[PDB]
Amino acid sequence: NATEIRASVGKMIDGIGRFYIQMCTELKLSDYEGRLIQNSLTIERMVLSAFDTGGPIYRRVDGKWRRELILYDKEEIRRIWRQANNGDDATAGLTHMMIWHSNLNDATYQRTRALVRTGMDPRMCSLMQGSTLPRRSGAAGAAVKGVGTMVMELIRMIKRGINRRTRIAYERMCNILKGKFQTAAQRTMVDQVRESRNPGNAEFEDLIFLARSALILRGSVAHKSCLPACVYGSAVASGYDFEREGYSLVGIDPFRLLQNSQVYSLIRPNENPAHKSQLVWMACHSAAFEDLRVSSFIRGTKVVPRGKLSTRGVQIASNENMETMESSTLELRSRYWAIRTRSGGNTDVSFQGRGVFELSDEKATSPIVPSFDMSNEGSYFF
Amino acid sequence: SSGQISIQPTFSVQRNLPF
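Residue numbers (the deposited numbering), protein chains in the order written: chain A, 21 to 72, 92 to 202, 213 to 393, 431 to 433, 455 to 489; chain B, 402 to 420.
The shape of chain A in the complex, shown without the other chains:
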């Protein structure tokens, strides 16, 4: 059923587009200045804040880049937003940029300070997918969460308590948790945890176990290809009418869109452009914990590890100066594409028979199997 699912999500994409365009028209930005992932970000956050303000806005004058610090009527923003979505709320839409931010953060940063202070092993990176993602996120917002993500929550919810309505949360938070697991025991053991009203160290210690079980017997976690507002704004402006032509977040749609995107980014004096593009690209598909081998395979070019990556973050801090600042064009194109999955595999070869698709292969017709016998460069982005 390609009617609701493909076209209803198109309608949520149209909203973000339309809105971004309107909002650019207010700031009186240029074309080059609307394609600046920097400005796009600021706008996206202005909105999520207002639906739950001001921000950094970079301008282009003869030669150099000027940063403007601006503020907007928190309600005006909310007004312009609905205008774009037909006076609807389109929580989906806000939630979408809620993820784009997530997926960018799960790749720009490593959240160790928090894992340990919770009592999780820092080496449990690959399980913290969406730890940044506000609880306000929707139902299809939590499905993107890693097993480890859930644990850090319950453990804190439990840790402060064990140190009214709060109960329905805990059980559900576990049901979700449990719905991540895809094996008998895994599934059953989650229940044995959900049994205690005041679950103390008994649970505290047990879930941590299950956290580690997922390192081997992974769960089902959905991945959503969520592109920056500018990319959708630009697309909408170019005529693409997604609600009518359909769109996906786990199909070929997102890759294809990024095959024509003209996104620019601010880049510090000593940073490596190629390295910058890599980052953004990995946030566009939630590939921050993917096997570097495969990421590079599909990417088309080396996908260098975080340590060897030359960049500190895409957003520009108030500390820095503009004099020594310039901007590059982000390389977001990829070689092939792949069905962003949810499954963690089980039996060691996973996704037996599943392959990669050419960017011409619109339909999921002919699959391609990668052979990794090769001089690779690692598997752990972190």
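Source of the hints: derived by calculation from the structure; they are not laboratory data.
All C-beta atoms in this analysis are idealised placements derived from N, C-alpha and C, irrespective of residue type, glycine included.
Any given hint could be a false lead.
[As the list claims (entries may be wrong)] Example chain A residues on the side facing chain B (calculated, C-beta under 8 Å, incomplete):
1) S245
2) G249
3) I265
4) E339
5) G393
6) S457
7) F458
8) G460
9) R461
[Unchecked claim] Estimated spans, in silico, between C-beta atoms of each pair:
10) B:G404 to A:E114: 28 to 36 Å
11) B:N417 to A:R175: 34 to 42 Å
12) B:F420 to A:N202: 46 to 54 Å
13) A:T45 to B:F420: 45 to 53 Å
14) B:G404 to A:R214: 35 to 43 Å
Let chain A serve as the given structure and place chain B on it in line with the hints.
Only chain B this time, still in chain A's reference frame:
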């Protein structure tokens, strides 16, 4: 250490999953 130990899979392909 302080590094990764397993790989979270993002795509559907024939891939030995590292841990």
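Item checked: Index of numbered hints that the structure contradicts, given in increasing order -> Per hint list: 1, 2, 10 and 12 violated.
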